[PDB]
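Structure provided below as structure tokens; questions to follow.
Heads up, this is only part of the complex; the chains shown haven't been moved.
In this document, chain identifiers A and B correspond to the written order of the chains, with residue numbering beginning at 1 in each.
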Amino acid sequence: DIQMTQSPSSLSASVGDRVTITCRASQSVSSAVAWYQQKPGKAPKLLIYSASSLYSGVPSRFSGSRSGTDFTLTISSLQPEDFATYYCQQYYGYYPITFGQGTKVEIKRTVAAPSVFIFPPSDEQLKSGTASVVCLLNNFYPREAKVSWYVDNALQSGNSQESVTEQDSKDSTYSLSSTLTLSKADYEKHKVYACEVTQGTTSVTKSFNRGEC
Amino acid sequence: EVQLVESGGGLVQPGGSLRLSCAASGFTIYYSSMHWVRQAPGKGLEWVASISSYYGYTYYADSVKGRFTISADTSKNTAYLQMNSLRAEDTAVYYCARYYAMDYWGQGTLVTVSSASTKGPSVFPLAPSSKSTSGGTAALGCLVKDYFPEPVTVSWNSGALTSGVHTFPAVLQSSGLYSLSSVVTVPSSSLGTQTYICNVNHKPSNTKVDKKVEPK
């Protein structure tokens, strides 16, 4: 079975940089390899076919090459419209088609600490017996961060979910939300609600006390 | 002039059936291999099925073998994906594409497979505090809760507020219902004079919810 192993999973680059993305086939696929660009919410766009052929319309800054089972996509000088996800694909034939897992090309910027807010459940929601506590991490970099919920200083396990925005096109930051779900009864029996954000050697905890405004 | 227009997506119970159509224009499908490729949310492209030009031999990924059927009606210049015995993991945007090196793609259609019932969102306020503890900044938002299926769109002030808005990808709750939040940050001083309303459109249930979010 043919696997297209893509390196790296993501990279940070700046406009003007030279970006190399490697894809390695688990065995020979001749030159039957294609490269695609995809942006969030849109269908993928073909850039290279037969591993080195620039598809019609594609700016010449994209180039594909092959050395045996190694396939590399090169962008000689990254443009602002080039920040996207790229996928290698083999179409050689016995699966006749196998996509790489993808490489996301993210904008590089300086580290930025999030603004952290914690939202108690609305009284409107509590009436129906469920309590959603929301934690917001606003405009930070880099993307990686660990969010932990504490209820009266006890770590919460298995009752929260997170979601992350795409990189902002203006300041290149990320944002993240975590929601902690409790029954209304469990919510009322505790006082301190805290969201803990860790990045590197810093932890920042935002909290509220149920009842105090 | 070459265009691929998909239709037929939607919601179906586990084990149920859907037929996706890929209507081709600008070119005769008989001469062209046709392919279905899907993208579950947050994940990569996965090839589903292929049909060859001329004869139309068919090929399927192991994950869909024995369950999906790719076909083409030349007289309608249209290719199909018949999806039987559907499964919750089939939930994905499905794309149709032309040629083995896929130069033209359909626009993608959402397929949701779940036993949950269609219902519109409850929208709860994420009220800003009136005294800020964040410098002079206030975060406010709407918690868009327990809707099904995807998608919803969110705007603030009917499109008048876009600076600083973050509308997060939805999460699938263990109830089988989706939830998302949409937040904006604003100056704290504007809390007493500017109104903030989130607008939540949920086409699959024909429901829109507007929620005015007032300070705590």
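Observations on the structure shown:
Quick note on the criterion: contacts are C-beta pairs under 8 Å (C-beta built on N, C-alpha and C of every residue); 3 or more make two chains touch, one makes a residue touch a chain.
Summed over the whole structure, each shown chain label occurs as follows: A x1, B x2.
Keep in mind that, in the parts below, only the chains that are shown with their structure count from here on.
Centroids built from CA atoms put subunit B at 17 Å from subunit A. Note for the complex: subunit B touches subunit A at residues 35, 37, 44-47, 50, 59, 61-62, 95, 100-103, 105-108, 122, 124-127, 129, 134, 137, 139, 141, 143, 145, 166-171, 173, 179-181, 183, 185, 216. Considering their complex, residues 32, 34, 36, 38, 43-46, 49-50, 55, 87, 89, 91, 95-102, 115, 117, 119, 121-122, 124-125, 132, 134, 136, 138, 161-165, 175-177, 179, 181, 213 of subunit A touch subunit B.
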